Structure formats: structure tokens, C-alpha cells
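So the chains spell out like this:
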Amino acid sequence: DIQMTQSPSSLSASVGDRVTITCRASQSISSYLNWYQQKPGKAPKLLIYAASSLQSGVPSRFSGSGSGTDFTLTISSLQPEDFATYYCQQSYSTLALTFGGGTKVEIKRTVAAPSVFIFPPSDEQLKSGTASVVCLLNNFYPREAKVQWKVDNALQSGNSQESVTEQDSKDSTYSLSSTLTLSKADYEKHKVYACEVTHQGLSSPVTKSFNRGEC
Amino acid sequence: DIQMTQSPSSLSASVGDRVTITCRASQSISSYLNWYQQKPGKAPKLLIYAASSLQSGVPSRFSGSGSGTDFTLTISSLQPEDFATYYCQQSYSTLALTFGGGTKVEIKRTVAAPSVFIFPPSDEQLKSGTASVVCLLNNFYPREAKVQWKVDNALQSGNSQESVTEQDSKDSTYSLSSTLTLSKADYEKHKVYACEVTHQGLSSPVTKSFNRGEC
Amino acid sequence: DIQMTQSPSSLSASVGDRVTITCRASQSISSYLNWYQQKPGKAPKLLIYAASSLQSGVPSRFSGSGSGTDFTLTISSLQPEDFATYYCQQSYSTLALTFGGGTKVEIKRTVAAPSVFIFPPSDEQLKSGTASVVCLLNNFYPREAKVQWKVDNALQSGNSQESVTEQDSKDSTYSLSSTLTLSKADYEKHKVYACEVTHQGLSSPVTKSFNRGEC
Amino acid sequence: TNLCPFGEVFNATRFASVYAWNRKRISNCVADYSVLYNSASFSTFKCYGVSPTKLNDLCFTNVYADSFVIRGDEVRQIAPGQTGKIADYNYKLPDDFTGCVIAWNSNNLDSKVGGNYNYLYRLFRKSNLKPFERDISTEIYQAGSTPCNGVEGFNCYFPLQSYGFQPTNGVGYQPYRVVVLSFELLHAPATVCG
Amino acid sequence: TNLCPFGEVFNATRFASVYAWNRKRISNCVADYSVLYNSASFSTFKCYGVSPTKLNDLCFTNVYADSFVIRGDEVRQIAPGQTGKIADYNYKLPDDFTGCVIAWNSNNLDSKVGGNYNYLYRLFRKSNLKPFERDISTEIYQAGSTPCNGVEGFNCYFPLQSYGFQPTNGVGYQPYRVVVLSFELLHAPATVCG
Amino acid sequence: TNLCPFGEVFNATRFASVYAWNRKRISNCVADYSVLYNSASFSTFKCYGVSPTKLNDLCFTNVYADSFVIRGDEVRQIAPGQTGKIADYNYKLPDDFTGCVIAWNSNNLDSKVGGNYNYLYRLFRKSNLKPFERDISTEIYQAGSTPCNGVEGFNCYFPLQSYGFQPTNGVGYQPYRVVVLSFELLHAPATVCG
Amino acid sequence: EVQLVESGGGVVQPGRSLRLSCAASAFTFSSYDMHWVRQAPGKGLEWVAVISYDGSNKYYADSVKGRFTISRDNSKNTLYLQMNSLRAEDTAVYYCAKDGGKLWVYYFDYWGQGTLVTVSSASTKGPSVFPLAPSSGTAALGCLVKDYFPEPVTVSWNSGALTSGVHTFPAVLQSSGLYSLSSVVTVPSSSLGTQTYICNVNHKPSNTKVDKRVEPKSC
Amino acid sequence: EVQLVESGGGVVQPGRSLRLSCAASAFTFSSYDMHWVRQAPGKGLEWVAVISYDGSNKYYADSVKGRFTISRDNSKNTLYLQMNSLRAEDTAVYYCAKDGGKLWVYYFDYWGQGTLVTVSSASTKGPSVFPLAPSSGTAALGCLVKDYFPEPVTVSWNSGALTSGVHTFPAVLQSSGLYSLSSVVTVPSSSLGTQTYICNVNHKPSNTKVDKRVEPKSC
Amino acid sequence: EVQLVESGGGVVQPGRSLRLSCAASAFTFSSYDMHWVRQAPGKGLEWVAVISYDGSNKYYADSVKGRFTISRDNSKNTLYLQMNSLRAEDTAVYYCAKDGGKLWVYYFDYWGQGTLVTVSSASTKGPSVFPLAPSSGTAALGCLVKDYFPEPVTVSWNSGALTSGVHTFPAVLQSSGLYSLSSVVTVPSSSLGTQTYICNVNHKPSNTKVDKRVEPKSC
Ligand SMILES: *[C@@H]1O[C@H](CO)[C@@H](O)[C@H](O)[C@H]1NC(C)=O
Ligand SMILES: *[C@@H]1O[C@H](CO)[C@@H](O)[C@H](O)[C@H]1NC(C)=O
Ligand SMILES: *[C@@H]1O[C@H](CO)[C@@H](O)[C@H](O)[C@H]1NC(C)=O
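Chains as they are written, first to last, in the numbering used here: chain A, 1 to 215; chain B, 1 to 215; chain C, 1 to 215; chain D, 1 to 194; chain E, 1 to 194; chain F, 1 to 194; chain G, 1 to 219; chain H, 1 to 219; chain I, 1 to 219.
Derived from the structure by calculation, the hints contain no laboratory data. The beta carbon of each residue, even a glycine, is placed where N, CA and C say it ideally should be. Hints are not guaranteed to be accurate.
Here chain A is said to cover these stretches of chain G; the calculated rule only asks that three of the stretch's residues, wherever they fall, bring their Cβ under 8 Å from a Cβ of chain A [claimed, not checked]:
1. 100–106
2. 129–135
3. 160–173
4. 181–187
Put together the whole structure using the sequences plus the hints.
This is the structure:
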């Protein structure tokens, strides 16, 4: 059908900078493209329609251009209230509308070194029958940090899940919690659980490790 | 077996210009290539044999060169009597001789804008049962003009045939007649027949159109 | 498994020159590579182990370097006693060890034009039932010379075999003998046996020919 | 009164082969799309360039109604940017088509116990069709180096292949009637409106 | 006395599927490799990084014993620089592995008259596994453009395929138990020695 | 009297396999091509470099008569710029060959009720033959990485494959005897003339 | 000045039916078409179906075509959205949106706040909370609220007294169908035994309130 | 000074046989080989067969091998070309050509004027002529001579009085096997009703003469 | 100062067994592992099998795994190599090599002189010598020692009087299983009939001595 690619996936920008976002389609559409804005949690909001028309009540800093397959949305001077996720949506396919993947804009601050912590399962969960391990990353910037779980120095994938907090209002740094889980029979079968972290702000990878039932 | 490609397919040249024609073979032949000349309607005539030998009674302006697969025929100074079609023929395959596709040389004149006309079928043909539409191009240069037939603004291909007159002796411009034909049941089933023309001398395509039985 | 490629296959060098030999593996090995030396006829001898360790009693001119897949052995200043064949052997695969193809180093002398001779079968071999033809190359440099057998001007391959003498101690030129063989019924069936030679020192190919039973 | 005769198109007793896609011209009549809205028997109904809803409040210079027959699997192929036998050799659309497309099975009507072979399709052509091009040339295709001098055989194939339509055919192989409703609006008065 | 329990690994009654490669950790015990030397029933015994002989005179920080089951044809695949189903989707090695690999047929034990299907293997994965990576995710693979929303069918496949092991299976198709014995030596005291 | 014995070549009772293409040398004799002109039983007769007609009025230093056997489909392959099994692995021509080629079916003679397998052809070779090269080496071809140490089996094939010639074989599969008549003229006296 | 009110959202087992209501205000609901847009948790927007201004033309997305229903009552300025035989894929947030009619192509002018719909074949279950204590430059502690259904759950630290440094991680629906959530708070390493820390959580749908103490690991 | 005369060309149904004659003059027909070359309408040259000077060696193209025959009579300096079981593909113009014998490779030195041969399973049919009138800066009119067989047909304007601007389009053999031709002539738009225009066509093989008036379309 | 002595090499029919001995000196044979390396004629090295210092660990190459045997007697400082059911592929030169033990990876420190082993299902056969005379700027003559088995054979010119310019070509094992060798010597063209040339060859295993005269071809 039709697919829309929005770039970059996420960008860091500060106040007063000129931001540009590109949206590309599988095939050509003359001017059947729209730009919308949606804050975290808040409902979606319109910014630009037709790719070349400013919506009423929208600041003039937003400008749209492009035709065919590639379109651009540009902000002459960024503002604190503009830090939201922007969607680009095509309209050529009325009855099979599709939207862009989204582009979340964060505040371009200094690089924050993650604070990494490890926490073993509680004996109460041991009673239940399951086991869960928590690897915490706090106050890091940007959000692009790789978290890897090691079981007895063995890489494990897919058995945990990560959750990222929104950019903080105070220091504009993120927090990540990785929960590595398995059953009781699968927990004692191994001895060492370690959480390696790779981040831009780390000169070397940092891993927190422990041994089962040792404290 | 063996195939011979002669380039260009057709070229425009004026008197006094130096013309070059290339002939290429599928595989290599030392000197087993010939150049012949044939005027429109007149029987074929020899110019060069062996690719490096001038035929007796042939003007010195014709010169041949090349060996292996690629051969060239060159005319130092073109003359009005030299405007003919030149064939290049290989001789390495005695019992399966093959000739070139031909290269017709026209007079390099100014670009002539086609005069385009449309003519509907006569009622006499309507009585017969068939229907034919004539699209006429006259006094155009060069001959490379696309003629497209539209039935109710619908492109049709293969149902007509085009015939091109020879380059004129007076103004050196061509004439083309396209006859679009179908049966009586197929003629009234539609309403509009149009003949779009695309030519180098036309800033924009020109189409002549009409509506059935309206005059 | 693992394959080792040593380059060049053979090189010509003179005394005092700096020689370099490369050895490449299918995959990566840290330092599990060795260099050995073996003179013609004499048993193999070690030069370098681990690719970065000089063996005791070995001249300092031999130096090893490289890791992963590509390794180099370098001789700062060549000596007459160093003219031998060098093998590079990997060690990462303890139980499936493999060695290099070998690199024989000859003395870089002037180009020697081969002396070529032809010799027909003796009547004694004719009595036996077989037939053999000898094509001799002597005093040529380098050893890279193509010998081709022609039967009635027809190229023949695989029916003979070539034997190359070692580089000579006096003039450092090689000798080659090609024995072309077939049965009695296959010998008289043809008339002309010729041995064409192609060598770097020959401006044109040289062939020695004869006719059966003519002397 | 001056209503556009869309019914005779959708309720036509017989249809054409795809390579010979039948066309109808609609002009100087009232544009009543209610028949589409009421008709719930549409297997597929997909529009492009303009929404089907706010159409009866919109005028155009002319309307073109294309009709043909394909199989179920080829239904997806009737659209811009589509590729396949039907897409390139039997019917085509531009990169800026403006209109609607409708498709519905006609197995009850366009199938026979002995197989309905009346409908055919082009299977070969030396070049892809231009947009909205109709080709019914009976030229024999040259598939090999040997020229085909009006005769069939080696590297010489009949350009048309007949469809196999039977009551027992699969959904992707049962017949489907397909319509393309295209609206054109130029710098000319629009003679059709809702 | 403080001997490493390698026997329970090689004499384990039951093994795991390759995608779920079982692991054992060996530390603070005496390194007795005589069992390997005495045991002549090894189908394949190939080491890399260090010779198997001068090992009982050598210490390491830790030992990792990997165990799984494959077919005979896949035996060659258990090695660095190897490619194949087992190489990329079920088990992997680095470009600097240091240890040994052992393989032996277990057809008498790991085959059934009705076919031993207890052992499975990953057949699809959108990316090659990282070195020494274990993946047992039950995610349905997306093979086509259409997302697989937790359901199987078109372009939606179960990542695990069960092996067919029977007494009559071919040598390359009969089950084989495979072990990887890896020795790690860091800037830490070595608690295991011969 | 001093006539070239072309008859013994074309009327030879037996022929050779293509890979072992038989050759005859013709010199110091009168060049009588009438046998070719009279003989209308030639399946194919194609010359290159010089016309067959004005040949008996032309001298050359030497003549080479090549003879072998192929199937009907391979007849086209005997020519310069040809590709195929026969073209590259069993017989070859230069880019400047000068002579003639003749071919005729010998199914009545070169076929058996049980199949005539006496004639063979090379099917593999690590490099294409040089012009007018004859190869009858019995070396086993190395098709895989594993060297073939004089034994057949995996990636080790016998270079020769025997033709299947029977009375019931197809035209392209029935045997055909093929001759190449090449004329060489150097800066030497020509001992053969018409 | 446009006001839209989604309502009727809730949770139900798969295969059931649900009705959703959008209330229009401050504009002519009768003279514009309406679209329904759903957005799954963490994903983006997804078009569903659209209705004309007059309610005579109906269209739906292929993913739900023949499964949903869209209707409107201009007299009441109300928009009705019926979803029969719902699948687990239908768990998302729905919004109602105006047509706009400014072009022959559909854009989206205004949106409501939206309402939440969830599908799951599971009953409500009491949450289980577990402490997340630190060990031996500050430290941090937290609580895990795991195995609770459905959303949402309310978490506080020191009965709300502890505010700074508190991060309540977004919940996630695990394969079992339940939800798990992590709450964390960083404290100086000096104060670990003197100050008591108790995470207070309330789950109104299940009517469960639990206050769990957290103490550093001891051995 | 070389003269060649092709003759015997004509039209016949497919599968029949035809004999063609080339007469040699001003050269030794006996001491040179002969080739036959055919050229289809609108295409280029196509080699067919060749005969020796002495008439003992014969060769033909694969396309006709075993279907044609080439023979010569040096006593008469005549060259005979027999074509048995002719196909529709054989419709073309044939020429005879000298050998030349200047090389071991065949070239073509001299050619005749050639003769025409056609194959068609159709009878002669009376032409049908139709007017091609203009409408409402000059204009142009023409006549279409359609459905006539075989070639050729003669066309004139105003019984030959109208010459300037006249273009007689080359004929083409349509799928029905017949021929159609278009004749055109441009005239100033001022003179359209005063001067009468009549295209006069004659077809001698069918013995048909028709003079058709052309008048501008009226409505 | 390390001395190794291979012994026990010889020739045998395929499928038989052979024992090879390596004698150690000037080093502790008991405290190092041993490898066996074989090198085919004209090829390079090929690893076979290895034994520990203590003789308890054994390993062999796949090409011979389960076919060879390696054992050692540290009391005698002797290394034993038994090869059962030998193939024609086993014809090569064997060497014994020390372990070195300088790394966790095996290198080769010292080698012996090696011993020769051959496999062939053929009996010893008397050599056949044939002259290789020149014809009509110097010339050259030679003798061919063909159809002899096994290696080696000794060749001289003029009973050793003729030394300069003599080249004894390496032998080669032909498909028949026998050996052929060529010996050559260049002489000035002036001296061809005055000086007599006789190639003197001896084959001790077959106990055959032949002196063959060479004279230029005469006709
Ligand atoms: C087409 O036929 C159906 C019944 O087959 C009918 O309901 C419909 O009204 C017809 N179409 C029109 C435009 O009347
Ligand atoms: C494993 O079992 C075998 C017999 O099945 C036994 O010989 C061997 O000693 C056992 N392994 C150990 C470490 O004892
Ligand atoms: C070859 O044999 C045929 C009959 O089989 C005979 O006619 C012909 O003359 C023979 N060839 C010659 C050169 O005599």
C-alpha cells in the first residue's frame, strides 16, 4: 500500500535552534501530507495541513515544504513548548490512511553519565516461585543506552523487558528499568547475574554483577 | 550465428559535412566487411569492399576503416547525390551472409513544425461496415514524430498503421498518415477520436479531436 | 576447516635485499602462526614461532609480525644460505593442524634464454610397444616456462609429464624434461610431434618439430 | 431525470476481457452515487485522490467508467504502483489517478460447469503498457532470437490466454468484475454534478 | 576429593534442545581430564586455543560446560567461523574461543520407535545471534510485510521446529550430544587446576 | 593419381569420441573437392574464411581434417564464438578459423539396440580449452574443497561421460559425425592444389 | 472552541461487544463527517472507520471491516461506535475527530481526549508488591507492583511524604496478561537505617491498599 | 557496362512454384558464380542461395534450404531460379548478382533492377475509394484507396491537373491481405467550394477506373 | 644439540602395516609431547598425530584417525609409529618432532632427518635405459631410465668421467606405478663422433648395472 518514513527517529535540540524533519513516502503524492504535534500523554494536535499551509493558531516558526515523496517540516527557532513528538501523515490514500512512525524531540543538554544499580529478587518472590532481577539506569543522557543481561557471564536476550521514563522536567535525563525474570528452577540453575551497560557517556562499558544468595 | 549493428539508425547531415557510420558484429572478423549504397526505390549499389578498398568509379570521399568487430565508413565532404541509405554487410559467413539494418541519411535542414489534420470516416465507409480515421502530418522535420490515437481520451495501440513519405525534394520535409480502423459496432460504441502528436518542433503536444457524427 | 595461503608462490631475490612473505588464513587467529625453513632435500627447520618470537640460534635478520588472519615474515638483508622454501603453519587448530603451500626463494639473476632440444623415441622402445618423446629445456631463468606438445600441429595436454631440476649451483638456471608418451598404434597414427616453448626470455615462442621416422 | 446511467454498467449482463477493457463515458447528467452507498454487495471498494463521501457535493468535467473481469488473486493488482500480469500487460493506472475502484465476485454468473473461458488476458508484451492504454493486437510475441513470421510454435506464443472459471475454483481464482470510476476536471465547465 | 563434576554433564540422563543450550559452571575443584582421555567413545573431539594435552598442568579462573543436542550433519557446524542453522540461530562461538568441543551419537538413547521429537531448534530469527547468546523467546517470526499479531499462518511461523530422530534415521540425521568446554582466565586467582 | 585421400576420412568405418578428436594431415596431393559437391547427404555444410566454391582454384601449405562424433543438438556448437559442453570442454575453434565444417547423422551406423555408448565426451574441466586443443587426461575433477586423491565419490567425478545413442533417440540426440577441414597457407610452398 | 467527550470505554473479554460515545459541542455535528482513531499503548495512530455528515455513507478499515459499526445522531450531536466480537488487538485508546471538509482529501482538525478500551480473558487480581532494597555515593530503593489486573494502580512513598527523586515506571502487560510496575527513589547512602521507607500503593478497582517496608539487605 | 535483367516475377497462391530468369550481358556469365538476394518490402537485404560459375556447386539459405532451386545455362548466359512450395514470407523483391571472384570471400559487385514476387491466397478485388474532406491557414483533402488487391494502383488529382502539394502515401498490406493507400493534397482555405476536386484512380490489373469528388463536410 | 633418528621406513603393498622408530637424544624425551609429520613427494607438510609427554593422551588426524597408532617408551627414549592398513596416499617422507611446550598452542621446535615410506602393489622391475642422441652452437645427449621400481637409481656419465653439464632430472611415478628418470649432458657440436658417450646406471635394489652407448642419429 503506502508507507511513510519520518527522519530522524529522535533528535536532540536546544532552544533557538532551527530544526528540520523529513518524511518520505513509498510513492509520489503531490501535497497530500500533514504534520501533527502530540505531547507525551496529551492528545494529538495539528500543526500543518497539505504540507504547505499553516494552521490557524499555530506559531509562524513552523513551516512546511516538499512535494511528491519527500517533505520537510522546519522550525526557525525552537521553543521549550515545542518539545513534543511530531507525526507526518499522508492523505493520498483516503480509505487506507497511514501515519508516520513519529519523531520525538528532546532537549539538547550535556551528556549525563548513567547511574547504574543492581537489585536481586526478594525472598518473597522466591516463595511465590518466580524470580526477577532489576537493573536500574538513572540520570543519563541521551536515552540511547544498551542494557545487556549476563547469566553466568552469558548473554541473554528477550527474557527481560525495558521501560523508559519520559525526559525529566528538572535535569532532562531519563531512567530505565530492566526486569530479568525466570522461574525458580531456572534461577538456582545459574549463579551469576550481571547487567552490562553501554552508553555514549561511558568511556568503557559498566556492568553490575552479583552471585546468587550471597548479599 | 552473426548479427550486424549499424549506427546511427538515421542521421541528419548537410552538404560539406564529414559523416561517419559505425557497423558492429557479434564476433570478430578481420576484413570481411562491405559497404553498399542504395537510393530509395533504386537497386542496391556497392561503395566499399573488404572495408579497406575503394571500388572503381566511386568518389574518393568515401573511406573505410576498422577491423575485427567495429568498422567505420567516413565521408570527408558530403554531397547532395550521396543522400542515400548505406548498408554494412559481413562476409566471414559465406553460406549464411547477413546485412546491416541500414542507415538512411537525410538533409540537415531547419526544424519544421508539423501541420496536423483530422479526417473522419465517410458515410460510404459507414455503409460498407468498417470505419477508418485519418490523422495527417505534413511538412515536418525530422521524421521522428510520435502519433498517438485516443478513443474517448483513451490511448489505443496496434489498431492503426503509419506510412511515411520519403524526404521531399522541394522542402525536405516528411508526411505521415495514420489510419485508425475498426468495425461499425466498435465505432459507435465510443464518441471521441483524437490524434495526439509529439514532435521535436512542438513546444507542447498537439492533438486534433472530434465527436462522432457532429461535423 | 582452516586453510593457509602463502604469497608469493615463488620469488626471485638477490643477496642483501629485504624479502617479505605473507601468509593468510581462512579465519582469525591471534598469534597461532609459525614460520619454518626447509632446504631442498633437507629436513624441515624452524625459524619463527608464535609469529612474534625469534627462535634461538636463528639469525636476527628474520622478523615476524601480524595477527588475526594476515602474517608477514621479513628478512632485512638476504643471504646465500637463506635461499630455501619457507612454510607458514597455523596452530589455532591443534588437532587438525595445517601448513602453508610453501614459498621457494631463488636467486635473482639475469634472464636466461632456454636451450631447447627434441629427441625422438629409440627403435628399442619401438620394439617394446610404447613410444616416448623428450623435449628438453636447459639453462633458463626463471623456471616459469610453458611447454606445449603438438601432434601434427595439434595441442595435446595431460599425456606427458614435466620434471624440473633444482636451481643450479653454478649458473642458477633450471632444466626441464617433458616426456610425451603413447602406444605403438597411437604413434604411427600421426606424423609430426612438436614441442613449443613459451618463456619470459623468448621474444617469440620457440618450437622444435620433427616428422616420424625421417631423421 | 438527467441521471447518469451507472446502472447499465454495474448491472450489465455481460463484461469484457481485461486486455479489452470496456469503457463508458459519463457527461451531462446528475451524479447519483447512492447506488454505491446502498449496494453492500461490493467485495472491495477503494478510492484514491478524493474521498467517496463528499463526492455528491462535487462536480467534474467528465467521468470514465472502466469495466473488466479478472480473478480474485488479481483484485489487489488493480491500483497505482501495482505490479503483475494485470498491472502491466492488461490494465494500468497513472501515478496520479483520481477516482474509485470497485470489485465483486461474479462466480454465479461468470462461471460454467464446463469452465467459462470467454474471458482472456494478455500474458506477454515486449514493453509495459502506458497509463490507461488498451492493447488488443493479435501480434505473435517474439520470445526468442528466431523471428515469428505470423506462425506459432517455438518462441512464438498467442498473446491471449483464456481464464479458467468454474464453480469449484478457488476464491483467488473465481471470476471478479472490476470497475474503475475516474473523474476528470479541467479548465472547462463541469456538466455532471450530484 | 574436590574434583570437578564433569561426569554428571557427560553422563547426564537427559539433555536440552540446542536453542535452549544448557550450561554448567565449574569452579573451585580439581581439573581431571582423564575421563576424556580414557573415553574412546567420542565421535568428534576437537580443541582450539590450547592443546588438550598440556591442560591438566594449567589453571583457569572458571570453566563453562555447554551441552545440547543436534543431528549428525550439524556436527561440523559447532565451531568458530561456521555457518548454518545451528551456527546462527541456535548456538554461536566468538572469533577467539578458547576451549574444546566434543560430540557423540546418542541414537540409542535420544531416539524413539515413534520418533524422538522432544528436542527442537530455532529455524528463523531476524538477526544472527551474538556470541554465546541464548534465545528462547516464543515470539512469532514476521516473514512478510503483514505484522503477525501473536497468531500463526501466512508469513507467521513458530520459531521452534522439532527434530525427527528415529533408530532408522541416517548418520547425519541421528541425534548427537554436543559439549563445549570453555576455559576463562582473567586477572583473578584460578580456583581450578589439575 | 596424387589425389588427397579424403574418402578414407568421410568413409571411415569408425570414428572417435569428441574429446579424443581424431586428426588427419593432408599434404602433397591434388585437392579434389568434387566429393563434397556431389555428396548431397550432408546434414550441414558451412564454411568460414573462404568460399567453398572458388577453392579448387586455390592452393595451401597444408590441410587438417578433424573428425569426431556428437549429438544433433550439439551440431550448432561446432563453430567460432560457440559456447557449450562441446565448445569448451571437448573441441574448440579460434576467432580466425579458416576452413569448412560438415556434419551428418550416422544413427544407422553409430547406434545400437542396446545403446551405443562407445563415444564419450568431457563434461568437466577447470579451465576452457585453448584453440585446437586435445585433452584426454584421465584426471579426476576436483569439484569441492576436499582434494580427490585418485578416487571417485563426493566432489570427485569421472571426466568422461558416455553418450546414449539408440535408434529411437531424438534428432538432437541421435549421433552425428562431424568434420573440420582447415586450410593453412604460410610463407612456404603449397604442396596441395586443385 | 471545540469540545469532544469520549465515553463508554472499559475492559471486556475477547469476542464481546462495546459501545463508545463521543459528545459534540460548539460546532455543527450534523454538517461534518466523523472519523474514529485508535492508538495502541506505546504505538502511534491507527485509522479505523469514518461516517458521513448525514450518516448515510459508512466506511471501515480492512482490519475491522465487517466487525465494527459507526453511527451518529445529529439531533443529539452524538457519535456512536459499536465494536462487536472484539479481539485482544483492540486494546488501545480511541479518539473521535472532526472531518473539516476543507479539501477533497481527509485531514484531522480536532480531537477529543479519548477513552481507554482493553480486551483480556482474565479476572481482576490483587497486586503483589515486593521491596527493592539497596546494598553497600548514594543509594536507591524501590518497590515492584507485579501481578495486578487491570490498570491502573496508585503508588506513593512514605504515604506521599517522599516526593523528590521518585520515579514511577510505566506499567507493561506481561505474557500472563497481568501488569507489573516498578517504583524507585534515590536516597543518600548515609540515611539507610534511621529513616524508614514504606511504599504505599492503592488499587481501587481491586480495592486493595498495601504499605510495604523496605530495609537494606542484611547478611 | 554490365546489364542484368530479372524476369518471371509475379503473384501466386502459397504452396505453388515460380521460375525467375536473370539475363546476363556484357560479361562472361560462365566464369563467375551467381547469388540471389531478396529484400522484403520496407526491410533490407536477405541472402538466399548461390551457384558456382560452372553450375556444379549449389548452396541455399537455411530459411529455404531444400525448398528452392538454382540453376544456370552458360550457353544462353541465363540464370534460372525455381521456388517450389512458396510461403507468404517469400513476398519481396529479388535481384541477381555477380560473384566477382576477387577474394576467397564473397562480395557483391553488380546487381540487376530486380523483379517483384508476391504470395497471397486471395483473388483480385476492386478497389474502394473514399473522400477525405477538410473542415473549418490553409486546408487539405485526400482520398483513401482501400481494399484493393494486388499492387499497384495509379492515383491522380483533377485528372493530373492538380500536381503541386500532392502526396501519394506508400501502400501497406493489411491483415485482411488487401492493400490500402492514402493520397493527399493541400489547398488554400479560400478555395474550397468554387474549385471542384476529384481524385482519379486507375487499377489496370482489375481494370477499374474511378473518379471521386471531394466536398467539405456540411452540417 | 638435539638428535633425532627416524628408522623403519620402507616399501610395502597397500593394506599392510609398518612400524617406524624415532630415537631421541640430548633431551628429555619423557617431558615433552611428540608429533608425526609426513610430506608427500613435491608437496608440503601434513600433520598426522600427536602423543603426550606421558603417553596417556593420543590424537590423530581425521585422514588417518582410527587407522594409525602412536606410542612411546620414555625408558628407551624411543617413539613408535605403527600404520595399519596403509593406502597409496601414505607414500611420503615422515619426520618426528618435539613438542616444545612453550605455549598452550603447539609449535614445532626440532625435526629429524626423516625416513621414506612408499606404498605400491607392484614388484621390483629391472630398469630400461634408452639413449637420447642429438642431431644437426653445441648439442646435447641423454639417457632415459624408464620402467624401474622402486626408488632409487644411480646414474653416471662416462663412468663418472663426464661431470660438467650433467643434469639428472628428478624421477616421477607414472600411472603404471613405475618410475622414469631422464639424465642429460650438453657437449660441443664439434665432438660428437670422436668421443664415445656411455651412460652408466646402477640399480642396487634390483641388482642391475647397465652402460648404454649414445650415438647421433644417422640417415
Ligand atoms: C441493479 O440491479 C439490482 C438488482 O440486481 C437493483 O437492486 C439495482 O437497483 C440495480 N441498479 C440500479 C441503478 O437500479
Ligand atoms: C560415565 O559413565 C560411564 C559408563 O556409562 C563410566 O564408565 C564413566 O566412568 C562415567 N563417568 C565418570 C566421570 O565416572
Ligand atoms: C564414399 O562411399 C560412398 C558410398 O557409401 C561412395 O559413393 C563415395 O564415392 C565414397 N567416397 C569416395 C571419395 O569415393
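Tested hints:
1. 100–106: As far as the region 100–106 of chain G goes, the hint holds, because 4 residues have Cβ atoms under 8 Å from chain A.
2. 129–135: The restraint on the region 129–135 of chain G holds, since 6 of its residues have a Cβ under 8 Å from chain A and three suffice.
3. 160–173: Since 4 is at least three, the answer is holds.
4. 181–187: Contact hint for the region 181–187 of chain G vs chain A: holds, 3 residues under 8 Å.
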